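Below sits a lone chain in structure tokens, taken as the form deposited in one PDB entry.
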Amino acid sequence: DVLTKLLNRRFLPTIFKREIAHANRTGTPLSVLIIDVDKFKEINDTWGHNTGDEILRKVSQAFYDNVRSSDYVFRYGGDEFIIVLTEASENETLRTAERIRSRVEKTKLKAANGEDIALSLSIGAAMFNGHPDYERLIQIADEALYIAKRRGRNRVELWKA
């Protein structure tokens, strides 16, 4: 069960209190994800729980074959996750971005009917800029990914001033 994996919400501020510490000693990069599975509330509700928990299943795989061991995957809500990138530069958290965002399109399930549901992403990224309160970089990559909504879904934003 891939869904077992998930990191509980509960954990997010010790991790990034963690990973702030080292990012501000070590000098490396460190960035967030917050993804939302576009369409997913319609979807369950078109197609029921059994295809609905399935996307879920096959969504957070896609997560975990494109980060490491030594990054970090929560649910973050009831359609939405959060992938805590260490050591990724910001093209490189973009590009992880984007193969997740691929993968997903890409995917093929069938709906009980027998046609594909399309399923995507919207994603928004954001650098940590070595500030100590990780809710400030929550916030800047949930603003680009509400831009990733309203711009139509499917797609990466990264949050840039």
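For the two forms, the rigid core is made up of the largest set of C-alpha atoms that agree within 1.5 Å on superposition. Numbering follows the first chain given and starts at 1. Compared with the form deposited in another entry:
- Core-superposed comparison between the two forms: the Cα of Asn113 travels 2 Å or more.
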The other form holds:
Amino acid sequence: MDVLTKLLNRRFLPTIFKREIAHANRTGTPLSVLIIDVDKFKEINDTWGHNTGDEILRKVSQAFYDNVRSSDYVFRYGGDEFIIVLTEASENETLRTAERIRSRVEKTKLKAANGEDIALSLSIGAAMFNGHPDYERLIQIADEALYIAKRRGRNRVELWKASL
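For comparison with the form deposited in one PDB entry, would you give the structure of this protein in the form deposited in another entry?
Next comes a single chain, given without company.
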């Protein structure tokens, strides 16, 4: 009943990545990662309260599950940070999925106790597995893309590419 307890513990990251890299290499299927970080979450908590912040974490987590498949993986990575491992998603599909998550969250209109719509957005860094055996390199490049999405103004998806 609590979507937060349905997210995978980040302890499972090495386990799942090592498995999925092997599967991808055998079958030739794309593999990618999204790192997702709630925008201005400190301001959300300061304005609407810690409890409202916690409800928002559920709303965004549910958006993740509603937009990915059971063959994808969703992890709680930090206080307001999440990782999604997407299997069988090309670069175009990866960006499409990320944009859908971003848009669905942006259009989520939660009501505060005063009837005011709470503004909410998130930023996403996306990257494709490029073949290096260490999954941690893939997380690093996705995180670089996430930082760029933030610096550009948030409420954004950025795909890692060399020209950045």
